[PDB]
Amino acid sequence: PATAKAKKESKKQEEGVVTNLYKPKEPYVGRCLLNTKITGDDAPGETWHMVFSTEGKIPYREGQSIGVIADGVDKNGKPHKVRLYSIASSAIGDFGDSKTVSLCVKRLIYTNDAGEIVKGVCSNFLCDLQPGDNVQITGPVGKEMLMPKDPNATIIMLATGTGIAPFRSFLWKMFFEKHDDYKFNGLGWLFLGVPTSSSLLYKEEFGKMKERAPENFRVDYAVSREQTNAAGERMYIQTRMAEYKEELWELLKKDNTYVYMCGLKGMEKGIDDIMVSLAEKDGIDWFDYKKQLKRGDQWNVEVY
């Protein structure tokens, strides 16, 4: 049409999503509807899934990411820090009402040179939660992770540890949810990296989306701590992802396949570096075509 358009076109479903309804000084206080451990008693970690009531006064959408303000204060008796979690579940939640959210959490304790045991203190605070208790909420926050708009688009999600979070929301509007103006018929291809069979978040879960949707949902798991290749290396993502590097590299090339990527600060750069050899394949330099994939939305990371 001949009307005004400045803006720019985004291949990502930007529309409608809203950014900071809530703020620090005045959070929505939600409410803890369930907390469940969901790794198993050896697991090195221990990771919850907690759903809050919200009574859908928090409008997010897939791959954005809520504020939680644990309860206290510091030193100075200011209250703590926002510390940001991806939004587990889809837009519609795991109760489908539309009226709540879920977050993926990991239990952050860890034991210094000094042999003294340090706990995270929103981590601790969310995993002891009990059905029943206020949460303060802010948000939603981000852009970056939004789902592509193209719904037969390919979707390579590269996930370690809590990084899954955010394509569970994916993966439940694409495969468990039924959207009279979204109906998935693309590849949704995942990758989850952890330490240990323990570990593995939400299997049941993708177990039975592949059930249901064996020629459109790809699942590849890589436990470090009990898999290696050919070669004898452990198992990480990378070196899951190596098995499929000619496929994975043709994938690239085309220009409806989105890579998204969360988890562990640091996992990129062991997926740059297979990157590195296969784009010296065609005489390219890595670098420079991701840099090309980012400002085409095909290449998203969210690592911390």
Second form
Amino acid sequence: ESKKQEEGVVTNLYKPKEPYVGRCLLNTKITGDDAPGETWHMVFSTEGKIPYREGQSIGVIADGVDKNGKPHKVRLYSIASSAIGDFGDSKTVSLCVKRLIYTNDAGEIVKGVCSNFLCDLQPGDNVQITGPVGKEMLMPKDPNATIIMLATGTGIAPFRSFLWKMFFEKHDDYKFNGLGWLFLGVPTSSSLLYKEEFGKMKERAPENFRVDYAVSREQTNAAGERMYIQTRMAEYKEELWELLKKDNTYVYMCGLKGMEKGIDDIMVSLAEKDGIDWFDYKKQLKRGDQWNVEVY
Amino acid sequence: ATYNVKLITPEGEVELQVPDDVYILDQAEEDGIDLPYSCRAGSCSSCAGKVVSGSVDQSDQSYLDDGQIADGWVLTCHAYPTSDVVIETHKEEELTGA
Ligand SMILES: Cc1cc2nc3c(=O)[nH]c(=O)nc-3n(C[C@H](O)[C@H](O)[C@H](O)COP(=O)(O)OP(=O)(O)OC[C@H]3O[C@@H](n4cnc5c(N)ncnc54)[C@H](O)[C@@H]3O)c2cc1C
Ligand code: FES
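And the form deposited with the partner chain bound, for comparison with the form solved without the partner chain?
Every component of the complex follows; first up is the chain already shown.
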């Protein structure tokens, strides 16, 4: 079986062939008007019809069709709201969508289809949803376990869900009493997501929480090395390694794929100096559901 | 209850040994093979892969569309082999009449 929570878990209550039509109740830009790339926190209604759990995710089907008269395929988004939602009624579900925009090798400014359909949603609009999807990023059953959360960009999403249940809420079947460690890597402070919140969490229980930001552009460590999501972990590499060998330490990674290389790099060097080669060790961790990735 | 599977990765060409009641991606993270995965539920195109010599079971479609089951495409994270298989992993599509 699994060390992860799978009691009240469900998947595919809705599929691309017949999605749940929710409605945008809220949609706000949570990045400073001067950040490299806008990210938006948005809230849809579900009427409790989608009992997703911390860690899972929902799919969205943008309106219309692509340059071929065919309905757009489903795009996935990690759920940024805990089970009960940002309203406490288990009636909503929230998303942290980064809006995709780049210029191509022709000088044409392109826009991601779904992420843009999402950031432009006007409260009241219908949004087609699918899921809940995923069981890999679920939370562990052990409420006293350590839990490292490595996140980059909208990759904070599932962890923001995690934390909401770990502190901003009180359940008669769950009481976090271990350590919740978060590492968020972004390029600017105008790009930090939910800092205020992680600020209140760091007080609601400063004994169980520990947050470390990694503003890559406005931060450097030793040799003026840009403070990356993994460069931040470097400064704790010692304490960190002394955890990566206990039955109750569960690591979670999520976000822009690529933030995964560095992490293994600072992990290989650390392990390749004590035990086997990091790689084969990650295999022993994933054995007991202690290293769950979901990069994209 | 243990079929032979071949992975033509843009790296080399694996020669795994995947069983029946076991997803392919899972056996890739076992022998120490590194293949793309995201949701690991079968809802995205992170682990796509055009199949060849053989057949596999991917009933937990979710992202598997119409002519996707015919074109041969496979979601390595959600597919058990029903015969010896030869897939071309890391394969992607983001256009073609789109
Ligand atoms: C499990 C999972 C969870 C996810 N969670 C989130 C989340 O919480 N928040 C979020 O915002 N997204 C998330 N995503 C990503 C999301 O699903 C989409 O991939 C993203 O929003 C872009 O889709 P789109 O429809 O807007 O754009 P699309 O039109 O699909 O465009 C994407 C395509 O644009 C091209 N492209 C992308 N970046 C560049 C670049 N820098 N330069 C040049 N070409 C480029 C590539 O060909 C790419 O395939 C997740 C994905 C998965 C699998
Ligand atoms: S890992 Fe997402 S579809 Fe295979």
